[PDB]
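What follows is a single chain, given as structure tokens, in the form deposited in one PDB entry.
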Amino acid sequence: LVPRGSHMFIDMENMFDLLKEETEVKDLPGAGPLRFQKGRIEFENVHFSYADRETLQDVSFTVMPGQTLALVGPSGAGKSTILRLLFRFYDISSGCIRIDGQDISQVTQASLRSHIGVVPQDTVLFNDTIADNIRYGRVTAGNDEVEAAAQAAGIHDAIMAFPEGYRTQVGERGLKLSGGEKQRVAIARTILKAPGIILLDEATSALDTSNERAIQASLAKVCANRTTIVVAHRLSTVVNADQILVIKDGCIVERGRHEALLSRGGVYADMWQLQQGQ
């Protein structure tokens, strides 16, 4: 029977609440919306730890409005973690992440994310119509806007050939989309959302040459005048990026555009030489 000391004052509902696994992020009291101007991103001396070494160590960079930054490096280096931090999926222990001059930890998370389009490695399809799957990107959007995003994503024509056009039930219950179609839906959702910043985590699988090239074209489209951070797997992404950060063990070991990193003859040059295969 009778629980004592502090335990007699414990709220069980609070204990259940604390048992939840993702143990997330809170808006600071009075936080206002992010005053988004053109999407300049800055990490200043960022440190971050999931547990107990540092996952990210003194990470500093800027992405100027509309430029693309590619993160490259071995697995485990901390690339995806960087995208996660910009999304405020976790708080940082030291340093500062700003968008347009503003600490992202001091604005509402909802306003922050309303400005960020996430293109994940693989696309979640909902048991829902192709239209509502796209509208997942901005759930208040008109059918007209959904069409327009799909037109821009290069998926409109394939949708028109589905038996119910934009009404076609997709997902596991519905019509199976091709690999190309699925990725384009993610692109369309992002176009529809029309954010100022894109966090792109490239798939480590690829379709055939023709689809890869088309998909890659469509992606370049969605990013071209948006501030973009891409965890790059494709060589063409890196070649054409405005800046590349080479991450190793949480640290940016070297950085610059492609040609400048080659001419540096360091770690990125070693990678490029290895892929080249003289």
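Residue numbers count along the first chain shown, from 1. For clarity, a rigid core is taken as the largest C-alpha set superposing within 1.5 Å between two forms. Compared with the form deposited in another entry:
For the residues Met15, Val25, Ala260, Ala269, superposed on the rigid core between the two forms, a C-alpha shift of 2 angstroms or more shows up only at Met15.
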The other form holds:
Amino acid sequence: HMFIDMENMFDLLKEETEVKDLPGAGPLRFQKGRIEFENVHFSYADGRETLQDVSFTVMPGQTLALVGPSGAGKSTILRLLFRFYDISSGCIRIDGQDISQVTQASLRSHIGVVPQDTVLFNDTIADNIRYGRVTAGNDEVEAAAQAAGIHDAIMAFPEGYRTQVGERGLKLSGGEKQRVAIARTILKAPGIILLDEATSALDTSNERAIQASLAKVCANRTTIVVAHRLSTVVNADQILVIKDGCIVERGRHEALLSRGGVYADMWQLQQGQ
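The block above covers the form deposited in one PDB entry; next, return the form deposited in another entry.
Just this one chain is shown here; partners and other molecules are left out.
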């Protein structure tokens, strides 16, 4: 270790939490939104492998549900797709293009995220929807709200689209707040949707309403979902069961059941025979 270059050690550490566009990198040429992870290894802090040889394909417009126990790497897969971090080997591609080789601005422009909980800013409801694409006009925000199903609700607000919401203003209902996150995604008109499902739930009516809107927004869009809801897993095109960074099994819900493996155990456990 007398021949180690300390500056190079710091450069390597820096590369662990920094993501740079390549010199001369172009825009992603997004076409249908096919997603591929090919043999992906990834570590957050250089101690230990958070994803181990992770390979899968999401064909354009199909849904992929990631399930498995705590700490498996599910959300990690979404963060890597948004290139929050660089991976350590393997490749992530969208429509065949390595995402580490394009401008990260162009990458993210094609990807809409619905996180677990919706962050509301102390600003008008319109600006809160506009957050999904800040360049967007009031006509676009309003159209997004309408497709999110909260336009009529907003029109009834004490100052309509100008009404201050968040902490300092009018309190949105649970359903409304979740439709704002939807409206943002709608406004983005992204080709890929990453959903990370909340572990809290509203009432049955609200959950069914919210799931119905989400499926409208995700239709014809390649979707990856960190799933908590049984209904979301059952309806997916493909399910990865992930344990400790490895995909231990995969298929559609019915094929995982009839496999009688880990997924089938989980399903039997939830049923409670």
